[PDB]
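Trainee: The chain contents come next:
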Amino acid sequence: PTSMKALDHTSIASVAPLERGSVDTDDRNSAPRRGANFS
Amino acid sequence: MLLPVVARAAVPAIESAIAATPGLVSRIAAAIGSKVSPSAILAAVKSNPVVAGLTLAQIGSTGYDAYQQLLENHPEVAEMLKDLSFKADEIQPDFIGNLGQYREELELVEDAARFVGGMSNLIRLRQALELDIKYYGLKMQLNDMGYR
Amino acid sequence: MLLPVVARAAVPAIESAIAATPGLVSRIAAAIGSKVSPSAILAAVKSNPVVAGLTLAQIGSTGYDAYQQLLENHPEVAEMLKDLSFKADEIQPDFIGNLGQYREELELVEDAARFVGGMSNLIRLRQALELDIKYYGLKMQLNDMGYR
Amino acid sequence: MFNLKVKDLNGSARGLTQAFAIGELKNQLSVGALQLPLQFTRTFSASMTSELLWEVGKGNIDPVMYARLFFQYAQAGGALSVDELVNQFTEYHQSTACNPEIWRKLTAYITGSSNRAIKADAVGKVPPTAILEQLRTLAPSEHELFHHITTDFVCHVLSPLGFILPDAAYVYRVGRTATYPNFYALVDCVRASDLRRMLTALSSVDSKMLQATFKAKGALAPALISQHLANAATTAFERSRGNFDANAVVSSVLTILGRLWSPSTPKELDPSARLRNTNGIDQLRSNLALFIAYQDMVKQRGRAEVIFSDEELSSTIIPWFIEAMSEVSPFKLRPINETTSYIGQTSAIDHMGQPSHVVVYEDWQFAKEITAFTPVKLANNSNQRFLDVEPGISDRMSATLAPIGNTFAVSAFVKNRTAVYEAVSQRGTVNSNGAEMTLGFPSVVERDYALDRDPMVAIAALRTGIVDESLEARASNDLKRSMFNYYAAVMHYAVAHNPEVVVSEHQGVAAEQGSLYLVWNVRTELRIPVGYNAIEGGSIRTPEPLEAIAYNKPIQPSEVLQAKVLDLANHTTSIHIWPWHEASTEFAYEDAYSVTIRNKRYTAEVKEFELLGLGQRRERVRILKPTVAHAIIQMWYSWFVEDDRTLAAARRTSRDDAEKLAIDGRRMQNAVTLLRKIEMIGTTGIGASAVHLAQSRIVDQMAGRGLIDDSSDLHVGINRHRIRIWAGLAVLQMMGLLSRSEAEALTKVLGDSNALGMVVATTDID
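Chains as they are written, first to last, in the entry's author numbering: chain C, 293 to 331; chain M, 1 to 148; chain K, 1 to 148; chain A, 1 to 766.
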């Protein structure tokens, strides 16, 4: 099997956002919002 | 939810440790931060995998088996669990300075390494020379017979 | 990190052996260079496979199958472990030493032979390192005078 | 790639030195000695890139062609050369064709027995293959050669519109032979020209004048045909008996040249005085290829002897010896300028013209056409096979190598090297063991691929200079012939661009006629010597062929050396083949990509038959090994890794900041140029088809696992590169072009250089 290991450990060029925020939102699932009753 | 495949092994493992000694029950209650009652923590283990891991760190005797199996079926917690459970390794006062003397030395090996090849080769080549002389004779003789 | 699959294979293997006899502490400290305590050597096993493979081969009652399991599960350690464990076979009085035992060794020579050159060259190179240090300085001084 | 120090040749080049060639290993040769100026205007070169197919079906025993196949053999397989081959061939000849019992058998095998038959009416024609099948039965001989030379023989004699039909044919491949003749290679070129004196007798009118009496008179009687034939085989054989001694013919005709060249020939011994005919020698006086041969002779024999008569006789050998080398051999006479034209040179300069390093390379134009053939057998246990050409597999492969041949061209490696040797040195040349010289020769490295010999054995022989005897005798030839092929290619080169040369006898203590070594006169403006010679007076003279290179001004390669593909499609389809088996390799590629997504491991294995887009899995097909391509790309990987070893070596030395950022800018600046080559390779259709299939199997593997988050994630900053590369290294591995361990390390360079993370941008070649 070919080894892609070495190529796997890498870093990404870093950069800083102008306005910080939205950080912990990376992984979340909001479960759906219901509609109103009808009549 | 804790996956059953783990939970099957996990739950009795913990319960066994509890039945062994009470002294652990108070400890895990402190670390996980759960109600001291043995029924409480056992209710928590089932609920969260992260919690299940910290418990198995508190008891390593009988528990090490399930922990690894927990780690398998949950690569997710693996990162998070590794952080929450940590202890600073006590460093020896002499160590860092004691390392300073080997600067001269290691740079010598890496000069020898590059020449030969990978470090694995040099470890071999070193043995080849250290090896007894007769062997050089032996190999010469097989070539005398025609063997290569 | 040590693969969890092989982890459950090695840890009871090395532990049972440590608790079986205290005498096995002589192996861990000799090669691996682990700390004197039985707890720290365990952490070394978990840390590195190379370290682990040298723990498995050294304790041989229950270990072999476990050692071969480590091999396949983490195949990069193959070349490393087979090499870092080598034991000279001394000498056979009889002509037919053969590949029976000496197989691994006569292989070892050839690698070393291949690299350096013709079989003669190595034996030469063997000696050059065996020569007293002085002779080097001599060759250098006779160079200094402008002789070559 | 070879790497040597021009200052000390004794240590690192020793086998490539001249003082080794003429066998004085203790000390270098003093320029000062008797000196006899002379002109080399001609040389003997086996053609580069000569690949042809030769049909042996029907026809006539073309005399020349069948000689060459004795030559091509004894060279190929060792065997203690040709003298055995020849005298055995007489045995076999005296065993069968001289023995009338076997002849009668064939006639019984073809028509019937004890009957009267009538020509072309009640006589049916038979395909040549058939009578061959019978020769296998009748004649238990070692080589298939012996059978074909007899086959076309019987084909010729008995055929006045007779037993043989015109249709059937065979074919054979014209393989690369050692280019510049070794001494023994002359011996054979004489004997090979012995045997076509033999053949031209069995093709002779005296053998033909048999048929001349049977043309219109019909063939009625089986014995009175066969017997009438069998004699005519022995009579044409009685005549051919006898031959000159190649061992003696060569040894003499070199020596009577050897007395011509050398500065010390006492008054009497010279040719022009005691030879009747001065024509023959004049043409062989100036010939170079013989000189380097003449050095081989004196080294091995240790002496020289004539044992031919002084004039009358030695005037009837030479004009016949001119013939042998003229035609029979693959070796053809060339003006010397145009034999090495394709060689080229580039120097790593500093100030005055004084080279820091100088690199000599063979110029290639990458040869991309790949014919994938497959075996087909009408007969059991027969070497001879039809081979099917399979279009479009050629066109998938050639669709891949079209971009490859662009970026791997050899002209672009040397501009890469010199650029390194400039950044790396930072300092006066005199130090660091004086100037160095590096050279590499795909065409030599090729010769070890066709033989499946590790090219790394020879290049380790030179520096040490001496061969290991532990290997078998067929290998020692393959090593020592190739250790030569450098040494010849060097001196043909040096002499080409420095026309002025002089010959000089050597000196030794005891009982030696001594040997001839050239000394060049080269003038160039350098106020400092390289190698060691005086460089005094504005010109310098040196024994060594290498040192005489370095002083050359940079050279552009005059002509690309281009490999014509072996053309199967033409002659292979309808005709049996030669020993195809080893010349090509089996077609299978088994490799498995892997990636981890959302902390979940995924794997897609891929095989060779899918990558092309062939539904069937067919192992019956094989690939003809394109060694010229494996040569180059093997070289490139050698040099490329050799760079980064020096830079990271040259960095840690500097211990100065302004420089370290020149180097750290060089490492990175390669590792992108690399990472782009591989990816641009990936875009190739073979490239693409590996990509599409690599993802597609993961998507469909994933959808079952029950989460589709893939589509977004496998196209990203990294994992689009990762799979892009791995498809670029597969295509190289699924071909012969590289070894799976070599690619594994070539990856590790992109790991540390971190060129990957700092790009974050892909180019699609659709």
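Please note that the accuracy of each hint is not assured.
Stated by the list, open to error - In silico contact screen, one side only, chain C against chain A (beta carbon under 8 Å); selected entries:
no., residue
1, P293
2, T294
3, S295
4, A298
5, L299
6, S303
7, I304
8, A305
9, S306
10, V307
11, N329
Claimed, not checked - With a straight-line Cα cutoff of 30 Å, these simulated BS3-like cross-link-like pairs (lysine-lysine) come out:
no., chain 1, residue 1, chain 2, residue 2
12, A, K564, A, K625
13, M, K82, M, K134
14, M, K82, A, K607
15, A, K415, A, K748
16, M, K46, M, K82
17, K, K134, A, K677
18, A, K5, C, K297
19, A, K564, A, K377
20, A, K7, K, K139
21, K, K134, M, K134
22, A, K748, K, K82
23, K, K139, M, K134
24, K, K46, A, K748
25, A, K299, C, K297
26, M, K87, K, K87
27, M, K139, K, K46
28, A, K26, K, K139
29, M, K82, K, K134
30, A, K600, M, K46
31, A, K415, K, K134
32, K, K82, M, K134
33, A, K377, M, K139
34, M, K82, A, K600
35, K, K134, C, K297
36, K, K46, M, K134
37, A, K564, A, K58
38, M, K46, K, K46
39, A, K748, C, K297
40, M, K87, A, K600
Quick caveat, the hints were computed from the structure, so don't treat them as lab data. Just so it is clear, CB atoms sit at the ideal spot from N, CA and C, and this is done for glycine as well.
Trainee: For every hint, state whether the structure bears it out.
Mentor: Each hint tested on the structure:
The interface hint given for C:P293 holds, since its Cβ lies 5 Å from the closest Cβ of chain A, which is under the 8 Å cut-off. Because the closest C-beta pair between C:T294 and chain A is about 6 Å apart, less than 8 Å, the hint holds. A distance limit of 8 Å between C-beta atoms decides the matter here; for C:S295 the minimum to chain A is near 5 Å, and the interface restraint holds. Using the Cβ-Cβ criterion of 8 Å, the hint placing C:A298 at the interface with chain A is satisfied: the shortest such distance is roughly 3 Å.
With 8 Å as the threshold, the beta carbon of C:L299 comes within range of chain A, its nearest partner Cβ sitting at about 5 Å, so the hint holds. Because the beta carbon of C:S303 sits about 5 Å from the nearest beta carbon in chain A, less than 8 Å, this interface hint is met. Interface restraint check for C:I304: the shortest CB-CB distance to chain A comes to about 5 Å, inside 8 Å, so the restraint holds. Look at C:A305: its Cβ gets to within about 6 Å of chain A, closer than 8 Å, so that hint holds up.
The criterion of a C-beta within 8 Å of any C-beta in chain A is not met by C:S306, whose closest approach is roughly 10 Å, and the hint is violated. About 11 Å separates the beta-carbon of C:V307 from the nearest beta-carbon of chain A, more than 8 Å, and the hint is not met. Checking C:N329 against chain A by beta carbon gives a least distance of about 33 Å; that is not within 8 Å, so the hint is violated. Taking the CA atoms of A:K564 and A:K625, the gap is near 14 Å; set against the 30 Å cutoff, the hint holds.
Proposed proximity of M:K82 and M:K134 is contradicted: the alpha carbons are some 53 Å apart, above 30 Å. This hinted pair does not check out: M:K82 and A:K607 have alpha carbons roughly 39 Å apart, beyond 30 Å. Proximity of A:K415 to A:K748 is assessed by CA-CA distance (about 24 Å); at most 30 Å being required, the pair is judged to hold. For the hint linking M:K46 to M:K82, the alpha-carbon distance of about 19 Å falls within 30 Å, and the restraint holds.
A distance of roughly 53 Å separates the Cα atoms of K:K134 and A:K677; the hinted pair therefore is violated under the 30 Å criterion. Taking the CA atoms of A:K5 and C:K297, the gap is near 38 Å; set against the 30 Å cutoff, the hint is violated. Distance restraint check for A:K564 and A:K377: the Cα-Cα separation of roughly 28 Å lies within the 30 Å cut-off, and the hinted pair is therefore satisfied. Taking the CA atoms of A:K7 and K:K139, the gap is about 20 Å. The hint holds against a cut of 30 Å.
Between K:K134 and M:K134 the alpha-carbon distance is near 26 Å, which keeps this suggested pair within the 30 Å criterion. For the suggested pair A:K748 and K:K82, the alpha carbons sit about 23 Å apart, so the restraint of at most 30 Å is met. Between the alpha carbons of K:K139 and M:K134 the distance comes to roughly 29 Å, so the proposed pair stays at or under 30 Å and holds. Proximity of K:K46 to A:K748 is assessed by CA-CA distance (about 26 Å); at most 30 Å being required, the pair is judged to hold.
For the suggested pair A:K299 and C:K297, the alpha carbons sit about 54 Å apart, so the restraint of at most 30 Å is broken. For the hint linking M:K87 to K:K87, the alpha-carbon distance of about 39 Å lies beyond 30 Å, and the restraint is violated. At roughly 41 Å between alpha-carbon atoms, M:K139 and K:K46 are farther apart than 30 Å, so this suggested pair is violated. Taking the CA atoms of A:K26 and K:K139, the gap is about 18 Å. The hint holds against a cut of 30 Å.
With a C-alpha separation of about 56 Å, the suggested pairing of M:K82 with K:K134 is violated against the 30 Å cut-off. Distance check on the hinted pair: A:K600 and M:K46 sit about 23 Å apart at the alpha-carbon level, within 30 Å; holds. This hinted pair does not check out: A:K415 and K:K134 have alpha carbons roughly 46 Å apart, beyond 30 Å. Between K:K82 and M:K134 the CA atoms are separated by roughly 23 Å; this keeps the pair inside 30 Å, and the hint holds.
Note on A:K377 and M:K139: the hinted pairing is violated, with a Cα-Cα distance of about 46 Å set against a maximum of 30 Å. Pair hint M:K82 plus A:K600 holds up; C-alpha atoms about 18 Å apart against a cutoff of 30 Å. With a C-alpha separation of about 47 Å, the suggested pair K:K134 and C:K297 falls outside the 30 Å cut-off, and the hint is violated. Between K:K46 and M:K134 the alpha-carbon distance is near 41 Å, which puts this suggested pair outside the 30 Å criterion.
Taking the CA atoms of A:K564 and A:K58, the gap is about 27 Å. The hint holds against a cut of 30 Å. For the hint linking M:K46 to K:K46, the alpha-carbon distance of about 27 Å falls within 30 Å, and the restraint holds. The suggested pairing of A:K748 with C:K297 holds, with an alpha-carbon distance near 8 Å, which does not exceed 30 Å. Proposed proximity of M:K87 and A:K600 is supported: the alpha carbons are some 28 Å apart, at most 30 Å.
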